[PDB]
Amino acid sequence: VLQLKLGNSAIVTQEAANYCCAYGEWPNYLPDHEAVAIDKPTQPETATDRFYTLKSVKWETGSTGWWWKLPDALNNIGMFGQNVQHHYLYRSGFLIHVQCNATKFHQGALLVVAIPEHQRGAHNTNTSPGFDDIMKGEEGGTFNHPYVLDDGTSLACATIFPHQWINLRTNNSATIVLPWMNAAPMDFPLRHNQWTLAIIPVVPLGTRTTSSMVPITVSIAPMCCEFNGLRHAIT
Amino acid sequence: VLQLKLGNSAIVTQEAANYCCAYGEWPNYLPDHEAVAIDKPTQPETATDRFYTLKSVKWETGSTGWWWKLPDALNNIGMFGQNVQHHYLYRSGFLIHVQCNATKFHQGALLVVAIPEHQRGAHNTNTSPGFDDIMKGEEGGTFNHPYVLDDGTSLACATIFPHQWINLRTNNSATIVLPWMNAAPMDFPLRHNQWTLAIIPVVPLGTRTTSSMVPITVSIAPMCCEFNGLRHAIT
Amino acid sequence: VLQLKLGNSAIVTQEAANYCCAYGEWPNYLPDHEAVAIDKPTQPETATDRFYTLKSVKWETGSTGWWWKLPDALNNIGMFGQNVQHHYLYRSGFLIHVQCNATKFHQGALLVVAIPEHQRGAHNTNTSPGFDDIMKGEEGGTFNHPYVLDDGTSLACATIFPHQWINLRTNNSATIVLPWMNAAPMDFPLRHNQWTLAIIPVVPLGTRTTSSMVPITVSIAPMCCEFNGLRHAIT
Amino acid sequence: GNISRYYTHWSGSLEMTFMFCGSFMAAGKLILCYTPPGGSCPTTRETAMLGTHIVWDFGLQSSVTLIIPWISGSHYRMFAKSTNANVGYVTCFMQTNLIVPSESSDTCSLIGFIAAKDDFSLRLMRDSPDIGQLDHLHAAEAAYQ
Amino acid sequence: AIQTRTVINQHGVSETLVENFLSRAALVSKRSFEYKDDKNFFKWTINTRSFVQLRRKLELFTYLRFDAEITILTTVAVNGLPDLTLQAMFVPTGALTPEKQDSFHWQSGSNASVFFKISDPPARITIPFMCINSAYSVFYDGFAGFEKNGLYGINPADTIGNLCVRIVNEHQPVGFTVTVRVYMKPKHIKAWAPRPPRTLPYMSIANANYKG
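Residue numbers (PDB author numbering), protein chains in the order written: chain C, 13 to 247; chain C', 13 to 247; chain C'', 13 to 247; chain B, 100 to 178, 182 to 247; chain A, 42 to 78, 87 to 128, 137 to 269. A prime marks a further copy of an entry chain.
Only chain C is shown next, with the shape it has when bound in the complex:
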């Protein structure tokens, strides 16, 4: 039972019908045997365990793809973006609800895939991607070369990651429930992104009229947040 209703935010959709626990793992808090992680991680309630619905991206016929690095997509937004700019640690899974509303006369297939540690590559140069090439924020980024996922490795094999297909014939939605995917128990949100929600239209959008401006709406819920404490009792 999923119930897309987290905190004050909620998504009253009808046709969701399934979600993908990424790598079979539900997001949880930091386990109690990992006390090494500084002694006070606060466990914030639904101040940050809520859906942060981004801009609806305008999916046309000639669109290559979209990528939002998490939690870079939410470092400027709301009570998660406030807590990132004060806390240096965090440990949060994510619930992503991508749905692409369209009529029964639209066609297409989105590979809504969540890529752990999507180290991007630049095209046709040996210089590494800069800070402004990687850390985009609320707008996210567009794939330059989506067949190689902008890191030289194939889109055809990108279903090895947690993914769901928005085939506009069958379903309009995709819900991917991300656990804490890191080697470290907690991590640093302003300079590291564990996941990358990548939405790649494999089959492009098609209709006989002018190029259809079908929106894809992304809602990212940081489930089971933790952070730095900042309210510790110095005795």
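Quick caveat, the hints were computed from the structure, so don't treat them as lab data.
Each hint should be verified, as a subset may be incorrect.
Claimed, not checked - As a list, the in silico EDC-like pairs of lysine to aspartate or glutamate whose alpha-carbon atoms are at most 20 angstroms apart:
#, chain 1, residue 1, chain 2, residue 2
1, A, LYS205, C'', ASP144
2, A, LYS242, A, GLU227
3, C', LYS17, C', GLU57
4, C', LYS116, B, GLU145
5, A, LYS88, B, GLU145
6, A, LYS77, A, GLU118
7, C, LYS148, C, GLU129
8, C'', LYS116, C', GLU57
9, C', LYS17, B, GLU145
10, C, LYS67, C, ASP51
To be verified - Residues on chain C'' that point at chain B, a partial pick, calculated with CB under 8 angstroms:
#, residue
11, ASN113
12, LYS116
13, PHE117
14, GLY120
15, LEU167
16, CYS169
17, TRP177
18, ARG181
19, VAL215
20, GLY218
21, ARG220
22, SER223
23, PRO227
24, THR229
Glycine included, C-beta positions come from ideal geometry on N, C-alpha and C.
Mind docking chains C', C'', B and A on chain C? Use the hints.
Relative to chain C, chains C', C'', B and A alone:
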């Protein structure tokens, strides 16, 4: 048992030794039979249940008194001042710890008195006190006529309110623990002040040297805060 | 229970209130399984188990520190100084009672620290310290460079040794109870010093009048002395 | 400080102790403010009482045990000049003015201590660069002649 | 200089054990000697004060009790390449030390000679705890000579002994330089009375002088 250690703030003094539960009432949260008070009052933890230590006021020989209206003293300060500027309701008792550090060669007596609903009066005019005459904030205000408490009613009878005496011969501290003192169950912090911590030096400061600049330090802990919700689930 | 009353000597102070068993070890006699140590160590009674109160050192504002090497401080004094000049072995712990009498208008902090094997260094030369630079006796010595304890190693870390603080605000006294601190079971008093009572004023003395000549009085009680026999029965 | 420079990786709680070393008559206040890592160091005393702090009146209370939660950090090297960023601060602001009588000295002092708690740990032992021989030591060949 | 940080996930106190702290085979001696048949051999009084890395690390303690596990690493350099036999004779306190390469002390039956070649693995012997006090006084506040104006801070008991290394081979047509690296791993370590770490640089290996 008092233990002047609330949240991340703490006051490691030695000679406190007593506190005054104001009107015999310890501050508590909103009782459960008062559901009328909008259904979601959040009960914030030690984000606001902590000591907000103001400026130390420079008590000289010719000082008349000081008054801090609560919670006007804390509407610009910290996580209480942030929550006041977003929440329209609140329900908070207060723990005040006034202590006046001085040597054994100083003399004086402070009437550290907490006045519920201290409707001030202006002197020698019929115009009511303005917004800037009442709402001072972190600096507080100085008594113009402390013998009549700036409302025409006597200082000699002002011990009818919750009060403690800082007689610098005997004690340097005063701790007054304020309950929620209002007719209404919750109230409005930007335009109403339930308590007024009034510190009136009845016996002025005295020493044979130059006019001694003895500081009186006020620490106001908003115990058992509540507020507006703002995170309600609209189903 | 300490009871600063050893032999005919006694110290009737009032504010002592604590002592420091150095390295958690109370001084004892030579244990019976160490028979190798020549077969006749005499166990002298309170002839040497008594307080030898040295000169009171005149602690001014510009004083760097004082050090008494034990048992070099007592090789010329009394029944311990007589027994040193006849017995070639000894095995004695020490009870040191340093107290720095001052008014409530004095300030300062003494690191009364007992340093095992304080191999001193000379400043700005490669020649080792001579016999007259190390073995001082009843007067002791003054620290040339107390920040590096006259052996290049830091004063800030010198609390790794058994130490007590004479903070003249809080206490005037320090009592350090030294065990036998040597690799050897017995040792040689005229050419070796196990302990070094070092009194370093970290915070210097301060008062508004002329440079205060506050005395620091050192009383060293050689607890649980042993020596050479000299009265053996040659059958 | 110096034992954790024999080890690369180190993590654990520390424990400060601030002993006041003025006269017995000397009264006043301090506000000892633990800033967590990532936060900004407080510049004013108003900013200082907003965060984690402890308002310390030195009356009879002349020492403050100050538990610091989990100062960690290590050394770093990339494809050096890579240190730990920041593990926070402990700042101290004058809350009041210092009050001394006419006979006590106008200038009083503070000694601060630091200790680790039982949860402090060290690993990947290295060589401490606090010492180093550059020219020679005197009579270094006397161990051979 | 960039400023990074990482979550330090540790577990255990076993690496900070003093047995674990000091038991590293640190280089304690290294000198070269020309050979043609000191007079063309290697002798060295075993102390830990030769290199300041191990010295400050051992001057954290007052008293130490360890079995020094000396590993003589010998390399050779010709001024054809010969195969050589060496003798790392360990000379304790009391046994006499050689002054020449061909003295009568190299053939002493009571000295713990070890005969090894360069083409072999490096020679390793465990020299036991041979202080006659129950621990090595790292700092000896006191004098060796009884009220004598000699040398301060030298314990008569803490003498390990000279480690004397020669080449057992006679005269050879090539002259060559032999660098003897001695690696000491102290082990079975007990340690007493910890001391402040030294801040100022050393001035001599005989004492604890400081310049500032």
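Each hint tested on the structure:
1. Between the alpha carbons of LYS205/A and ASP144/C'' the distance comes to roughly 11 angstroms, so the proposed pair stays at or under 20 angstroms and holds.
2. Between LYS242/A and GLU227/A the CA atoms are separated by roughly 32 angstroms; this puts the pair beyond 20 angstroms, and the hint is violated.
3. Only pairs whose Cα atoms come within 20 angstroms are accepted, and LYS17/C' paired with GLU57/C' is accepted, the gap being roughly 14 angstroms.
4. A C-alpha spacing of about 30 angstroms is found between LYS116/C' and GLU145/B, which places the hinted pair above 20 angstroms, so the restraint is violated.
5. As the CA atoms of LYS88/A and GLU145/B are separated by approximately 76 angstroms, the hinted pair breaks the 20 angstroms bound.
6. At most 20 angstroms may separate the alpha-carbon atoms for a hinted pair to count; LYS77/A and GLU118/A exceed this at roughly 30 angstroms.
7. Using a Cα cut-off of 20 angstroms, the hinted pair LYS148/C and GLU129/C holds, with the two alpha carbons roughly 16 angstroms apart.
8. Pair hint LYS116/C'' plus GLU57/C' does not hold up; C-alpha atoms about 43 angstroms apart against a cutoff of 20 angstroms.
9. As the CA atoms of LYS17/C' and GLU145/B are separated by approximately 19 angstroms, the hinted pair is consistent with the 20 angstroms bound.
10. For the hint linking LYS67/C to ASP51/C, the alpha-carbon distance of about 37 angstroms lies beyond 20 angstroms, and the restraint is violated.
11. Given the 8 angstroms rule on beta carbons, the hint for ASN113/C'' is violated: about 14 angstroms separates it from the nearest Cβ of chain B.
12. With a least beta-carbon distance of about 4 angstroms to chain B, the hint placing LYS116/C'' at the interface is held under the 8 angstroms criterion.
13. Annotation: interface hint on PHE117/C'' holds; nearest CB of chain B at approximately 4 angstroms, less than 8 angstroms.
14. Against a cut-off of 8 angstroms between C-beta atoms, the interface hint on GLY120/C'' holds, since the closest Cβ of chain B lies about 6 angstroms away.
15. Checking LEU167/C'' against chain B: minimum C-beta separation of about 11 angstroms lies over 8 angstroms; hint violated.
16. A hinted interface residue such as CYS169/C'' counts as satisfied when its beta carbon comes closer than 8 angstroms to some beta carbon of chain B; here the least separation is about 7 angstroms, so the hint holds.
17. Here the hint on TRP177/C'' is kept, as its CB sits about 7 angstroms from the closest CB of chain B, short of 8 angstroms.
18. The closest approach between the C-beta of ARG181/C'' and any C-beta of chain B is roughly 5 angstroms, which is under the 8 angstroms cut-off, so the hint is satisfied.
19. Interface restraint check for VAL215/C'': the shortest CB-CB distance to chain B comes to about 4 angstroms, inside 8 angstroms, so the restraint holds.
20. For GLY218/C'', the suggested interface contact is upheld, since its CB lies about 3 angstroms from the closest CB of chain B, less than 8 angstroms.
21. Interface restraint check: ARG220/C'' against chain B, minimum CB-CB distance 6 angstroms, threshold 8 angstroms, status holds.
22. Among the interface hints, the one on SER223/C'' is violated; its C-beta lies about 11 angstroms from the nearest C-beta in chain B, farther than the 8 angstroms criterion.
23. Nearest Cβ of chain B to the Cβ of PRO227/C'': about 18 angstroms, over the 8 angstroms cut. The hint is violated.
24. Because the smallest distance between the Cβ of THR229/C'' and any Cβ of chain B comes to about 20 angstroms, over 8 angstroms, the interface hint for this residue is violated.
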